[PDB]
Amino acid sequence: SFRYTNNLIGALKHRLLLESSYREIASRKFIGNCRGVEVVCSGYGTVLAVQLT
Amino acid sequence: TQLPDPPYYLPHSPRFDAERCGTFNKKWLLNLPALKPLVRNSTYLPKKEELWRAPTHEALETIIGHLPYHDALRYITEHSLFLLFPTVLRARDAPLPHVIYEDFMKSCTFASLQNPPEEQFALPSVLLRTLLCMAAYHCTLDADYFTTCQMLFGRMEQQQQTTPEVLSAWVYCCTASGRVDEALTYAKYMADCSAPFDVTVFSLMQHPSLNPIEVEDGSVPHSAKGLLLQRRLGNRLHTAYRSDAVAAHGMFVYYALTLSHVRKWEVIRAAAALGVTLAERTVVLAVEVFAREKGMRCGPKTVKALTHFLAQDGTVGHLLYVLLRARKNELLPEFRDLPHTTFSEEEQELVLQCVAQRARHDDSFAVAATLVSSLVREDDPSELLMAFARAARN
Amino acid sequence: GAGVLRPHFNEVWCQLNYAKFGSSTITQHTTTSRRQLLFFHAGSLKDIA
Amino acid sequence: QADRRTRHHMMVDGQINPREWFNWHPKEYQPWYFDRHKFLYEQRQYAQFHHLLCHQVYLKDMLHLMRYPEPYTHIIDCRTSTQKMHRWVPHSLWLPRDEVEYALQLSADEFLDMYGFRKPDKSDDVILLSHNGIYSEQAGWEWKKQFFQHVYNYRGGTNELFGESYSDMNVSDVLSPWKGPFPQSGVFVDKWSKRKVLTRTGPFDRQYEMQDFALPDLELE
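Top to bottom, those sequences are chains DK, FD, DC and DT.
All the letters of the first sequence, read from the start, carry residue numbers 2 to 54 under PDB author numbering.
All the letters of the second sequence, read from the start, carry residue numbers 35 to 428 under PDB author numbering.
All the letters of the third sequence, read from the start, carry residue numbers 438 to 486 under PDB author numbering.
All the letters of the fourth sequence, read from the start, carry residue numbers 9 to 229 under PDB author numbering.
By construction, these hints were calculated from the structure, which means they are not laboratory data.
One thing to keep in mind: the hints can contain errors.
[As the list claims (entries may be wrong)] Listed next, the in silico PhoX-like pairs over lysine-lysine satisfying Cα-Cα at most 20 Å (straight line):
hint: 1; chain 1: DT; residue 1: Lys130; chain 2: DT; residue 2: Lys152
hint: 2; chain 1: FD; residue 1: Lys259; chain 2: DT; residue 2: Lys127
hint: 3; chain 1: FD; residue 1: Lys140; chain 2: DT; residue 2: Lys199
hint: 4; chain 1: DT; residue 1: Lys153; chain 2: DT; residue 2: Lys127
hint: 5; chain 1: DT; residue 1: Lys187; chain 2: FD; residue 2: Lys140
hint: 6; chain 1: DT; residue 1: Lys153; chain 2: FD; residue 2: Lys259
hint: 7; chain 1: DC; residue 1: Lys483; chain 2: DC; residue 2: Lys457
hint: 8; chain 1: FD; residue 1: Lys140; chain 2: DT; residue 2: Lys202
hint: 9; chain 1: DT; residue 1: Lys35; chain 2: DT; residue 2: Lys204
hint: 10; chain 1: FD; residue 1: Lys140; chain 2: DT; residue 2: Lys204
The shape of chain DK in the complex, shown without the other chains:
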C-alpha cells in the first residue's frame, strides 16, 4: 500500500532539484576561450560577448 504517494514524493524531489538547478545554470556565465578570444555565454546558450583578452 501507499506506493503512489511514496513514489510521488520521490518524483517531486527530483523535480524540485531540477528546477532549483535550472535557475542556477540560467543565471550564470559560461566563458570559453581558444586563443585569447573570450566568448561569454549564459546558461541559455546566448552569446553575451565576444571579447579579446
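The hints should help you fit chains FD, DC and DT onto chain DK, whose structure is shown.
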C-alpha cells in the same frame, strides 16, 4: 458452420434477456479453438521446488485435489481438516452426491478432533446446497435418480439443519425431476414459513447446464453476467413477493430451457390450482411464450389458469389474445378431437367478478369487459369484433 | 397552497443559509436504506439557488 | 433458553463393565492457548489459511486515504445488507460479498455494466471493509483466488470508522437440539465401534480426541 437452434419458444425482448441467459451459444463453440493451448498447458504438474515453497493452503488444495477420493477423505479424517470438504467434491472418481454426504458424515464421525456434537456433525449450508444442486443436475440428466434424492433428503433434514438454502435446493431437485406439484407445494410451505428462496439456487435453476462444482470453481468464465442478472432478478422479485412466486418463475424458465414444455404449462396449472400468487413478470412471460407457441401445446385447464392469472394481474390485450387464440384453436380442424375449454359456473363468476372489479377503476377493462364476457361464455358474435375494429379505425 | 413565503434566493441569502442547503445536514430515507449523507457540498452560490 | 437437554446419545461409561474395544478411544482435548479472544480467522480451525490472510490496513491508514486519496488504491465496501448501512465511507465503491465470486469472473466491460464502476487492475491496491472485518475477509479470499497481488483488509471497518456497533451476522451453523446427528441413526459401522465412538469421558461441552489405536502400558505394572 450453420448450426440449428433449439426451440425454447422464449420471447426475444430486452426485458427477458436475463431469461435468455442459460441458452447455449454457438459463439462459445466458435471461441473454443482459442482455449486449446490454455487447457493443453494446464495439464502439467508444477516442479518440486515450486511445490515445496508453496504456502500451506495452496499445497493442501493442490495435493488433495490430485489425490484419490478415499485417500483424500482419509487425510481429512486423520488431520481433522474439515474445510477441505469442497475439494473432495471435485475429485476424479467422486461418487454421486448422496454417497459423498454419507462419506462426509462418516469423516465427521471418526475424526481425530471431536467438537461438541451440535457443532461437530453440522455441515455448512453451502456444502449441503452444493450436494443437492449436484443431485438436481443429475436429476436433470436422469430423472429416476430422484427417489434416492428423496431418501437423501429424508436423512439430511433429520441430520442437518433445515435451512431455506437446502429447501430451495430440494425445490430445484423436485423441479429437475419433472415433479411439478410437490415442488410448488414445498415452495408454498417455504413462503408460509417466511423463508426466502435462495438466489444462487434461483440462478442455477434457470441455468440448466453448469453443474455447480465447476461454477464455484469457475472453469466457465463467461455467463457470470447471466448468473448475476438472475441473482439480482431473484432479489428484486423477493422484495415484493413471497418465495413461491420466485420458485414458480424459476420452474417456468427451467422447463422452457430444457425443452419440456408440457411441464412448463403444468407449472402454471399447479400454481393456479394450489393458490400461489404469480409475479407479474412470470405472467407476462407465460403470455409471450403462449404467443410464441400459438397456443399449440396447451390444455383447457392451462387456458383457465392463464385467464385467471391475467384477470388477477394482467393487461386487457394479453387476456383478449389468450381468449381469442383459445377460441380459434378450438375451431381449428387439428384440435377437433381434443375437448373444448369450458368454464364452470363458479370459476366463470369469479373471473367475471374480478374483471368487473378491475373495470370499475380501469377504462381499458371497462371497454372490453363485454368482449371478455362473450369470450368466456362461448357465445362470440363477430359483430363485436367488427365494432371493435370500427372503433379502432375511427 | 404550500403555505410558505418563497424568497429571492439572493447571493447574500445563499451565504446566510448555506448550512441548510449546502452542508452535510441532509438525511435521506428510502425503502432501501435510511442514509445520512456526509460530504455534501454546494460548490457555488448558484447551487443554493 | 432454560438449559435445553440435547438429543445426542453421548454417554460416559459405567462402573460395571470393563473398558474394551480400544481401536477407538475418546480422551479429553485441551490445547495450549485460548483462541476465543482472537479474530475469527486467526483462531485454531483456520490456521491452514494463515498465509491466505490479507494484510491489515489500520484506522490511521484509512484516515490518510480519506484525506489524501490515490487514483489506483481502490477502497471497496463489502457490506451486503442495505438496511444496515447508514453512512458512506469516502472514496468507496459498493461490491457486496455474496456477488464477489461472480463479479471477478466478468470482463471489464461487463464489470462496468453490472456495477457502474471500472474493474480494478490486478496490480492495483484493493482495500476491503465490512462491519467487523468478516465479510471483507471472505471477500479478500475471493479476491486472492483470482490473481490480485495487493489485497488488504480493514478489520472492524464501519464499526471503527463511524463508531457503529453492528455485525455481519455469521451463523456458524450449530445443530438444533432436536436434530439427532449421524452416528446414532445408522448401521454404517459395527456395533462395538458404534458404542465406542458414541462414548465420551466427561461433560459434552468440551472437546475430545478420538484415538484410532491403543496399546497396553505393560511397563507400568
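Against the structure, the hints:
| no. | hint | in the structure |
| --- | --- | --- |
| 1 | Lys130(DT) with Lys152(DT) | 10 Å, holds |
| 2 | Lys259(FD) with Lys127(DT) | 14 Å, holds |
| 3 | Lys140(FD) with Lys199(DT) | 15 Å, holds |
| 4 | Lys153(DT) with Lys127(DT) | 16 Å, holds |
| 5 | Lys187(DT) with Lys140(FD) | 17 Å, holds |
| 6 | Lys153(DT) with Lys259(FD) | 19 Å, holds |
| 7 | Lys483(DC) with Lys457(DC) | 14 Å, holds |
| 8 | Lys140(FD) with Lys202(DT) | 11 Å, holds |
| 9 | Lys35(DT) with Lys204(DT) | 12 Å, holds |
| 10 | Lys140(FD) with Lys204(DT) | 15 Å, holds |
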